[PDB]
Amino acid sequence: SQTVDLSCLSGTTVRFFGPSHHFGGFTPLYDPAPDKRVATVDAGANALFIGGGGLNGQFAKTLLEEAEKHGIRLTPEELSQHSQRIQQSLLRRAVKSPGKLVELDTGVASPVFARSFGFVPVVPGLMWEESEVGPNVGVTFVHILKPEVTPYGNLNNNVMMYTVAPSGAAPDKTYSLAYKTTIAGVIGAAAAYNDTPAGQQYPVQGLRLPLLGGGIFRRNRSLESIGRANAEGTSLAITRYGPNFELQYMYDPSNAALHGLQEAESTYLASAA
């Protein structure tokens, strides 16, 4: 990988991953010997389950494999239904206190989650058409994982996030608004989490991100337009919340997130001329 500080993100450290040793080069969600706590952001489904294909399926696999090692009986179907129930409940609570981090009651049982939070920057569907961007867009969840499903048994791998990105089929104007809102929810939820009691003990020191909306959600939208939305949304979210953590972009052979940030960086260099 290559790591640089971006002036257009107020000096935030960004790590751009190259191809991994794995088939297809995909970046692992969690590392075997991390020296800081990097929360990886699931490109979630509108229906809020952990499962299915792509990156969301890789999160399911990671959690299911750790559970199996610990002798926890947890099927993919149980994980899908459970994570959906938890996150539906968090979404309901978050919509009732929009723009605030909300926490699920600690009395709720979970085989995977020790503590769970939700955040909507604005009520989904209030400022855009759900028929265009899709349901539940902009919600981000933060989960502290139970030790028994924490990758490598390493405490620095005990936080995941889960975010619902807009559909690429939406018109440009509303897509840009929904996308910027979504990135605000990602950075804002993590920054807010770091101001909770749980976050004092387990601070998030980096985010590991895909290009959100860049998989099956993009439909016929160009990766270029999505990289531009990500660069603008990330710049704005960092201006709002001033997070201390670094950003990492998982390997993408299109380099779409990278290209969006490169364009914004050069523009920033020229902003006084």
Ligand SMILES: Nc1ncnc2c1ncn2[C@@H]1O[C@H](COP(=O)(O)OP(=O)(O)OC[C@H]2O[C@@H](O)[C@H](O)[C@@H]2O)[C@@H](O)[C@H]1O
The other form holds:
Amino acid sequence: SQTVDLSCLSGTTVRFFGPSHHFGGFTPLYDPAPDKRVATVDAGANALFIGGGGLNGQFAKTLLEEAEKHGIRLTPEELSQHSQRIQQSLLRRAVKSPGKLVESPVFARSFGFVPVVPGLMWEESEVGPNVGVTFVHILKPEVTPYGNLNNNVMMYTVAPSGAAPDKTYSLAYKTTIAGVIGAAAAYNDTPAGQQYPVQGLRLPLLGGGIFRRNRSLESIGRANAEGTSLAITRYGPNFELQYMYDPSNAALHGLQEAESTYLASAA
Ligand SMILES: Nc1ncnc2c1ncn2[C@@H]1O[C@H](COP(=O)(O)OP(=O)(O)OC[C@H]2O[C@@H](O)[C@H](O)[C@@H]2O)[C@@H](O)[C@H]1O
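Taking the form solved without this ligand as the starting point, write out the structure of the form deposited with this ligand bound.
And the full complex, kicking off with our chain again.
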């Protein structure tokens, strides 16, 4: 990988992952011997379950394998239903106190956050249900990857559908990223976060797989760059960002373009 500090993100340290040893070169969700606590952000489903395909399926696989090792009987069906029930409950609570962080075989503690009520500032029919909601979970020791205490936090976010018009998509995407950064920043100011502070985020290109439909990866990369810059302005460059490997390099390209633009802003 390569790590650089980006001025367009207020000096934030960003780690861009290259291809891994694994099939398809995908970046692992968690490392065996991390020297800091990095929370990986699940590209969640609108229905709020952990399961399915893509990145969400890898979160499911990771939790299930660890449960199996510890003799915990937990099927993919049980994990999907349970995670959905928990996150549905958090969404209900979060929508009743919007803009506030609200607070099991797998979860020790769970948090929810919506920057704004979904569907209130955009069309649900255009971007999709529950867009912008973010959850933070502390994992129980028994399902923590590698039994390492620095791997005990995950996040879960719902991205907008790429089919949406550009104006509403940009708004929805900026809001989603604000929810990710905001939820983590708020988490670190809770009692739970004092004990287990998040020191980095490991990010996919949110909305960039099955959700993007006909939308170009480059437009999403631009949305991510703008959203990330604004979110860091709002909440501060508290922790480092890591972008998981993407052969399109969409997130990288967006930030490169933003960085060069930032250099020229006073000329
Ligand atoms: N097995 C994997 N391991 C690591 N990274 C992956 C994997 N599969 C996909 N990715 C990367 O994660 C990024 C996120 O893509 P998606 O997971 O498709 O996210 P999104 O398109 O927003 O939709 C997610 C949807 O897929 C389902 O798994 C889940 O139920 C959710 O509804 C993609 O850019 C892709 O490169």
